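The chain below stands alone and is given in structure tokens; this is the form solved without this ligand.
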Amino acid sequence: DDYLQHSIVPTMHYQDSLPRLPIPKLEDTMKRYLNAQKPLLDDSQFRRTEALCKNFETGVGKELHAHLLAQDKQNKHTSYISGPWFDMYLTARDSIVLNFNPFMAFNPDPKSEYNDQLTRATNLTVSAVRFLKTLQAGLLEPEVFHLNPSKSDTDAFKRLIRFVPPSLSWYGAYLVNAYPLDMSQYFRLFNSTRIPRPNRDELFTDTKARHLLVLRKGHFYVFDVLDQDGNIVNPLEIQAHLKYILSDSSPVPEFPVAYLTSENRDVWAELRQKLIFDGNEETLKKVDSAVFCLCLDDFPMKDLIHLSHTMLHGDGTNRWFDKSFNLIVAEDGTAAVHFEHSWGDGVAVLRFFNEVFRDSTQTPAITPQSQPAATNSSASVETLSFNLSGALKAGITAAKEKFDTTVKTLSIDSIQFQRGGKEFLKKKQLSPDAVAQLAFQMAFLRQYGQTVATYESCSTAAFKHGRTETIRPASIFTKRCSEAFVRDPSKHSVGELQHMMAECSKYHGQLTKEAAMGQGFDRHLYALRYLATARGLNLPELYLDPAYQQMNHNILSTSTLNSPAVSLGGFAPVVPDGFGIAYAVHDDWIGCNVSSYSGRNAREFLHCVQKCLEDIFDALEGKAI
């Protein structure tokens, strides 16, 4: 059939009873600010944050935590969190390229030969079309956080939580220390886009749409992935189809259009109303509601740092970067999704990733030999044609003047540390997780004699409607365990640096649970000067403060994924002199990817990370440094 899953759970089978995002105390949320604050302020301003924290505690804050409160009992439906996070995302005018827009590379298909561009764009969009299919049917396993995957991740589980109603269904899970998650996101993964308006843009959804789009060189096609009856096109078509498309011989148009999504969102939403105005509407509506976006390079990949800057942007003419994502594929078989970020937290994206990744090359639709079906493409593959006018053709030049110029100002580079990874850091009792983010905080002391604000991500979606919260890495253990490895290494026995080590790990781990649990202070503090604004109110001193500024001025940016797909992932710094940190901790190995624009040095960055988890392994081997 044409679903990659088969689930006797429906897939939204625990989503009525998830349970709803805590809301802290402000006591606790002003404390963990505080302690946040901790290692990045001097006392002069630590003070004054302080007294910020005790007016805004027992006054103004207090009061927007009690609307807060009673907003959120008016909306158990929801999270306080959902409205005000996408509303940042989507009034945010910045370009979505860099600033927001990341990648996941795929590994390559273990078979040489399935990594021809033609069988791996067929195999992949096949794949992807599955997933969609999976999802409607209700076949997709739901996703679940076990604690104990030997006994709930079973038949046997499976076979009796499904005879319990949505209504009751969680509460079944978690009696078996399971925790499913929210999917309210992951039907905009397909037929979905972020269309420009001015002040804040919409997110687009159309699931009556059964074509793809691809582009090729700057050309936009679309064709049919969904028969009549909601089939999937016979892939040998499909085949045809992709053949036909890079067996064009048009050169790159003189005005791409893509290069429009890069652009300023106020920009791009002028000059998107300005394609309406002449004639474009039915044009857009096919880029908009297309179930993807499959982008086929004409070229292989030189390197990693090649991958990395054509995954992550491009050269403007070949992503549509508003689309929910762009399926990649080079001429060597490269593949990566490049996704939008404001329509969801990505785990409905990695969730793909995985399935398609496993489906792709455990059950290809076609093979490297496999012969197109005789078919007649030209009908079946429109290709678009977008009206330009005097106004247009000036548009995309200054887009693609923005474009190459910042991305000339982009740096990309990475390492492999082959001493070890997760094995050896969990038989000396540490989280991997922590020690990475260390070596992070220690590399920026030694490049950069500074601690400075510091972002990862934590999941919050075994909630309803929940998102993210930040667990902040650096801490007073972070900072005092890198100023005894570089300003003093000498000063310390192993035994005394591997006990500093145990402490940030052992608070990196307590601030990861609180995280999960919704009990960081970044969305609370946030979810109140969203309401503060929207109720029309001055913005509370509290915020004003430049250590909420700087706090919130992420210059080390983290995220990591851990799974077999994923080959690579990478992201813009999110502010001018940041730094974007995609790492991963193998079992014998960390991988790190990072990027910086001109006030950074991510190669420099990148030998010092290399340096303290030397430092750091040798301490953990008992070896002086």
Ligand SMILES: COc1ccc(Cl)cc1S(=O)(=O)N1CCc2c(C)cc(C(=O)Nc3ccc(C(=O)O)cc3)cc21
Contents of the next structure:
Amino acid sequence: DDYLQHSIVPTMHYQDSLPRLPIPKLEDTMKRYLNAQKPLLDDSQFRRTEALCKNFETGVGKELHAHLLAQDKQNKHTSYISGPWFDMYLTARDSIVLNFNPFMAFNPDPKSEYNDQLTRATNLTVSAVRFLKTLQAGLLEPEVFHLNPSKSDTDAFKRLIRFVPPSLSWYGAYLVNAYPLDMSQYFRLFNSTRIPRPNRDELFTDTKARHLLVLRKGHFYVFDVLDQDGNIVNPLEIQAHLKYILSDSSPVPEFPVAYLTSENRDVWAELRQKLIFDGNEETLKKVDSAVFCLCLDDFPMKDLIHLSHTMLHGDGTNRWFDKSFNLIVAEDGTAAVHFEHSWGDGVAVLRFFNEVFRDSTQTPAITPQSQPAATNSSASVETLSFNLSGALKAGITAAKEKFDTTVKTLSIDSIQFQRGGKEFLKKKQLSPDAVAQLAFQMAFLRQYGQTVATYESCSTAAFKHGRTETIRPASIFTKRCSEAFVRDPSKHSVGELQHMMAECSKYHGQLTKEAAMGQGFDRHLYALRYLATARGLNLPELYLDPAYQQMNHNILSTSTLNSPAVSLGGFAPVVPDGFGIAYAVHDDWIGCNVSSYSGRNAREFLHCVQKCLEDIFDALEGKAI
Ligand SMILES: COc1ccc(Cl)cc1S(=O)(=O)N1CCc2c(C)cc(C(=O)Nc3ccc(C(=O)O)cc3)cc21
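Requested next: the structure of the form deposited with this ligand bound (the form solved without this ligand having been shown above).
So here's everything in the complex, that chain up top.
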């Protein structure tokens, strides 16, 4: 059949009973905020911020908090952070390219000949449509985080739980230490795009649409991947239609329209309206509502750096950046999902990513020897045409110049630390995540002699309409430990170093579990600020404090996701003087892909990460510095 999974428990079985996202006590939030400030602020800055915190907790903050709580109790179908967080993304006027959109790259099909571009484009496309089908049918297994997978990820439990009504089903999983996740974001995975508009962009979805969008050399093509009955178009036909597209000899347009999706959101909002005025509404409608955008790149990957630039931004011509996601397949079969971040988070895209990799490699629709269906692709595949006025041509030329100049300034490079990873660190009773984050802190001290604002993404999808919370890895413990390794390495015995590292690990694990439970401080303080602005009030002084602005100017911006399906991932710095650090600690090695602009040096940082990781492993192995 056209399904890649056959869950007996409906996909959405736990959604109705998901716990609401907790609002912390204000007292806990201000304490956590100041705790994160401790490594960043000098004595007088800290005392000044401590004083604003007290004012806030006693004054306008207490009143904003009372109102946050009452609003939440009137909207128990949702989360307090959901509206504010969507608004954070959609009101942002900066380019979504680099600023917001990340990538994750698939590992190759382990069967060598399946990495042929046509074979893999077809297999990955068909598997993505099978994911859409399985989601529609409620046949995708619910997302569930198991503490004891051997007790709860069992047919035995699944047979039982399916009889528990959705109003109670979450409780049945909770009682076996399983935690069902929110899955409401999957409503925007397919047939969805972001539409640029003044003030605040729009999330658009059209579930009726049955066609794929393909970009090749900056030309736009659409064809159906679902027939009128609701079945997947025969994969041999899809193969034919893709072969047709791959055969187009037309040069890259003089005015590649995909450049516009990289503009400032107000600029693009106005140019899109001009596109409509010039009669393009039908064309844009087909782009907007396609199942997703398949991007066929006309070159192989030179190396990991090239791959990373290719999947993060490409050259500006062959990605529709607004789309829920772009599935990119290069000439050597290298594939990635580049996604728009406003509609959903890492956990939702990763499940799609994992199922698509598993299906496309284990149950490929076609083989490198399949004969495309005898079909008249020119009748089935429409080549889209945009009517561009002079103002549109000029806007595309400007979009291109701005794209080219900015991307020019972006560097990305990687390390593969091979001495060990998760196995060895867990043996030493440490959180691998904490160790990576320590290494980043220690690296930055070694390189710049500073402790700086640090961001780690944490899913709050254990709750109804959850998104993310910020883990704040820069702690007094990481700062002390880094100082010991970097500044006075002869002052401490290996036992002392190992203990310092143990205290980093514990506090990091504590922050991680708090964040996952909604007990960070970042989202809470953000929702209070949002509430004050939405009520038409002056910004409270807490938020005007340089230290608050510093806490949210994330020089070290980090994110990890791990899966056997992901070769690597990337994102650009979130600030001009920042790094963007995609990392994974695997069973036996550690990988970091780091981006930077002109204001930072990613190569040096990575040399420092390498050195710090060597120093950390040496101390852990008993060896002296
Ligand atoms: C909690 O750990 C995990 C649990 C389940 C999985 Cl499938 C993967 C992981 S993980 O290996 O990818 N991982 C290691 C520790 C960790 C932590 C502390 C946080 C996250 C996480 O939430 N990451 C994340 C990344 C990006 C986003 C995003 O939306 O951008 C959101 C969350 C993953 C991981």
